[PDB]
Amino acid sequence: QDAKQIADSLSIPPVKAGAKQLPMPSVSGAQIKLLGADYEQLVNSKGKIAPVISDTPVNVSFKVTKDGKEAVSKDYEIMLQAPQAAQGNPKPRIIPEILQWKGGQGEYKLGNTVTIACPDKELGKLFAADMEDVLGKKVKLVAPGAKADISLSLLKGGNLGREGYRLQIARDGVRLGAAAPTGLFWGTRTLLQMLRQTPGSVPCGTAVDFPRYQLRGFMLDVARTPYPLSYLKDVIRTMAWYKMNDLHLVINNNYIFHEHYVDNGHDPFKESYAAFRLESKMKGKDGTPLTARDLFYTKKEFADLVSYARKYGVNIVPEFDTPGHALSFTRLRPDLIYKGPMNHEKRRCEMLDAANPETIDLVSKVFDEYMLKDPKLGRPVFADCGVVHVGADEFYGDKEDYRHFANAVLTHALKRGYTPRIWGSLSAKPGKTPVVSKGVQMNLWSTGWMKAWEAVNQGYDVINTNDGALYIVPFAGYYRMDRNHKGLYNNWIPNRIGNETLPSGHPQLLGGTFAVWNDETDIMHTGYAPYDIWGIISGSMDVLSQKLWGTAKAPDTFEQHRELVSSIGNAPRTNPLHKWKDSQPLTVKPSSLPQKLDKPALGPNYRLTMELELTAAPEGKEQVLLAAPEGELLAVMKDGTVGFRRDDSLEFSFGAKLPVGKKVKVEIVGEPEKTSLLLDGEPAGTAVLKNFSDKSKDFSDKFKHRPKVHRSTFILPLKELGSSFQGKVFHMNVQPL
């Protein structure tokens, strides 16, 4: 006698071949429903099966009812069989993998010019410029429905859904069809990756392709250390390139290790690093603003960032951390700092009193500034954000008080017309105060704080965000997922969340998100840059994008997957390393200053050579020698030294000064994480982050956490020469190495 053991012994009837309905397993004393498939587009809740052009695996699971209990089943892989009417060309290797492919006859060679018909004006313009970048040929947009080489068209009906697409290649041209304009955009990514491998020709055949999961995401901690907008748009295009579509951005956070200031005689509430990256009218009675003072986003900048990411299929999800990680808020309202008992009293200043109604009032006001209409924009700043993340990971006080606050902030978003996302913490914070679940998204980041199984039964849509598997803390001893890309690529599946496993077809499973946390910042900051973590961010993407969009099994080895990542290269019109196209040098003998150069910024490795003479060095006045949006090369700083400021706002000093009134030969050597200075051939010093060096001065010993490496990556600015340089520049040379 089985007793909802039935579920792990079920017998799926044959499924015949090319059937229309999923046959159902029957067991005498039990009632058995269909929970769902991993490809809802192939086997729906109603059990109806869609045709396939190539044999595709689908994982179904069930609810077995017998006596008064249930349990959801294990996954059953059925494989929908296609009619093998033909066979032809092999499937093109794409990241992520194409689900279905029917090989065809021959090739479609491209002409000296390419024409494209597209009913989406903004999509068609995007597509054509990505085309010219990859091909080098020049691409024409034709009327939507005129005679063209590649024709994008919106198909009605079908199973594709908002992210599917039918890509068809014949030797008379290419025809991309989708149900929504968003799946048409993913079709371009597939076509562009092929054209990356064979720019002259694409094999004939039909490609039908679906994402297995709805939410394929990357969170970025843009609060503990700054990230310029230009970098975040490199991230949007690189995610779109691997068909990832969820950019979760932490807008406010603060330095974790407030103890470092306490144990050394300082006030963390007064010196710990905190940030709120969005522009805000909010200011405290003491005039202190909520918006971060070193780098922030204006409301229009952010509103435009969200619309840009939507053009490339990515939904930006902004997060406001409360009541924890809220040192930016408590600095406005010290009277709301939680005062109750707690387990690590040295980290109090970052905690809002979630029990105080005058705290929910404040958090609501901050939210409303972006959820309600903005006067200047004529619409909310978060107008294009369907999902807003309300934070709510932890509260040091009563568990019931946490639940009341969690329910307040989740419902605030629901009543303002927004879907909320929350860090799963209800297992850690159980209680009788009801917390809303229907309409609410939850990040399953830790199993001790929220069990995946009890999250789905309480009624949440869940996102695999598991810390042991998907957290990256750059250059840290713990949370180094960037050294496990091989294991992720081979074993990681979205429905296994820590040591729990959901069925891949559970409808409340949205997908998964990997996370980048910048813990070792402030008085621990090594000086690393958004450039310095690009390789692991982009490399985390190219692995997880396969396991999020594709089937449960990697189509190749990790080693083959990485040499395909190389053939396909960066995303169209995306140069995150500022590599130059030709390694010939740039030579300038300036006529007078400032000289305008108008060359692209140059990343490592490079060497800068200049013959110059400093005519004056008034004290306290900065002297910009090289300038571009990526940063400034400071001939003289406020302390008199040579150094530079990056576009992430971190400043660095070489510790050397230029002689006033002397001809000097200046060389600067740019390497990954090392920028070196040589004056007259002699080593003048190596760059050191100056941003948070104070405060930690007088800490003396017992600051075992001072940064032990000094990283100073510097993308060379090359737009204007000698902006505010009080001197002459005789000769200047830039050389990629």
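C-alpha atoms forming the largest set that superposes within 1.5 Å between two forms make up the rigid core. Positions refer to the first chain, counted from 1. First, how it differs from the form deposited in another entry.
- Here the rigid core is superposed between the two forms, and of 227, 528, 423, 396 the C-alpha of 396 is the only one to shift by 2 Å or more.
- The Cα shift for residue 681 between the two forms, taken after rigid core superposition, is smaller than 2 angstroms.
- When the rigid core is held fixed, the Cα atom of residue 10 travels 2 angstroms or more between the two forms.
- Residue 69: CA moves 2 Å or more between the two forms after rigid-core fitting.
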The other form holds:
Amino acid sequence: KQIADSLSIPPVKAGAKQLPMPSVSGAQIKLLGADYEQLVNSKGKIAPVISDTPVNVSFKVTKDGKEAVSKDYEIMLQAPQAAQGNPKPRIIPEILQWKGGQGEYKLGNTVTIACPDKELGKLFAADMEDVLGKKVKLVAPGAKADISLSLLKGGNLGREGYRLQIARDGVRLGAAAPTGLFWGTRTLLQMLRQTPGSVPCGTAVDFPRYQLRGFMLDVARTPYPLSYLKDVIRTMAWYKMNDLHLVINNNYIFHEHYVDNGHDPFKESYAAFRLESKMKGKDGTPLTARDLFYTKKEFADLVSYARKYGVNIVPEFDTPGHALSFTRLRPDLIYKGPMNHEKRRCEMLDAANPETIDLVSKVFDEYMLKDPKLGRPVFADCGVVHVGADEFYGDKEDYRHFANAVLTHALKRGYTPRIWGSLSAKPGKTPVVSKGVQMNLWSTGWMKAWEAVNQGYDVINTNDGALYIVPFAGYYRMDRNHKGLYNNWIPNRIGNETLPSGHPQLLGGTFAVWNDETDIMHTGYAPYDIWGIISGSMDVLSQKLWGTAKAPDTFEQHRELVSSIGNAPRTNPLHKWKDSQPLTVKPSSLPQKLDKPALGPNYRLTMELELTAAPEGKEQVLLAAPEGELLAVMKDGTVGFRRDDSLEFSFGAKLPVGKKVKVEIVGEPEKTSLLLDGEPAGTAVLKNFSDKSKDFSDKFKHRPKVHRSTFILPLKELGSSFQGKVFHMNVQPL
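Got the form deposited in one PDB entry; any chance of the form deposited in another entry too?
One chain, no partners, no other molecules: that is all that follows.
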């Protein structure tokens, strides 16, 4: 142990093909690993590089019968001398290796692409057409082509690496595997976004330092439509991130708010399970969420779509904590033992009870075993399934029994389980399986990194202090620390612990958006409202997950480059129009088809209309599209709207019946305002949850501090169910 502690790694000869092993007579020393396994394999063989590249190596020392691992030692692999030529193109994430060439390759008026993968070819070509505004055509593999993609045999590129060579006779993108081909297309498209007319000659060789480069989204505590998730997928792939963890069930955190204000959280707290399910509780209430859910076909197709983009989707069912969706099915299976946070008992499943593992395993089997309609499991393309198991505040040995059981069930079904690390705060003698188990290291206090590694888990840096975002909250504000993360964050530093970067049990890292301030705390923020902080986090963390331990530029230069490269191809997350030209419609009869794209802020909608009948309790839709509905009359008679995340908002004002009126709706980020005849009629307020807390006194301190009300303007159909006349309509992007 002392040997590894004080090992001395000398400089590597320029061009050496084998790493010299350190020698100490008392013990045995072997390579623990290199952060770039592609450059130094487990046996110490060093692959050639085309530009100087740093590699961190670390060693396992065995003295007597004791083992110990060293710290990281940085070595510098040196390329042979060259004329250097063109500078390295600036990409996010950075291209690892580059040898510049001479001149440019000029793109023609039309572009041809040779691709052995038909699906990749079609996707790449449509992305190219969107980025270039030119016609792109797929030709036969092996035929003359401007851009030729091929699979290479042998080599060190692995599943995700690629070699991109640009010469005067065209572009050649080679990869050991189609995933590397896809990443190479991402690189080429980012290049063409900066200079669409030509690309610098030279050779890039590129591959990731970490194989798991992930994002976790809490889609349980507030809803997200599939369209937003597809934006997320394409933008992750744009920055070469590849692991999307979706929280399928969970519930409002602060049950004590209900308890302390005289209400039962078991009856009142928001809870959601987001997949279509046959499961129904004792009272007959379904497991599947009512406000928004994904069908089994929708989820399987979403997984396959993400796979097209090189992204693995990981679904999480969270038990035995955070399981109010399950205890509502089986209230007899509520945990009855001692616990911290006793007012949150209603979400705790009876971990030691055999009927609990029966229920949970049945739910898992609905998606892990063959589905009769799909002819295959809903999770057939999910190699990893997350079994949750965070923050169970009850008995340690009960918890360990249950966690072992659910992990074992996933493994027996042929899936790789991922779990929230909880075994430092829940130690015990009940064995918890570790072989083949992945683990999010989210809290040092719940699970020490070195303890997790020594117990045999494959670990993912998910540390709450560095990587957690709770939107618009007073804590976990990683969205405010993007510069610090860019300059300082590395995947192998996990809180106050540092693993060697080449440790074989370190898979990479994941950042997380947790929607704590929801239900009766919900300010009405939309998915749109966090897009900037999500994308921004990606454009920083992608660099540190794919690239080296040092940022290639300053944070400010990085964000300049982010702006120059732009959004993912065929992705319009802020719902902007191509040009700021207004839309004017004189309607002839209602309903009237508009077939215009939805419009995000900022905008002004102006209408001259007359509501001619308002039957009580009847909803009247004035504008509609998949993105939402503008309701001239809601069930309570007011003007309002409903978004594609199912959240409903009211302006608190009513249209007059039988009177011409000028309606103006002004959409800004987090605020939509209504004016009637030029007079401020109101600002929209979220309606979904406030009725539960309406009669709480001011001893309750957690009302929404701001009323947010973003509205993506729907413009597919006018007057779907409007009982009135529309004389004039104008939509002005601002």
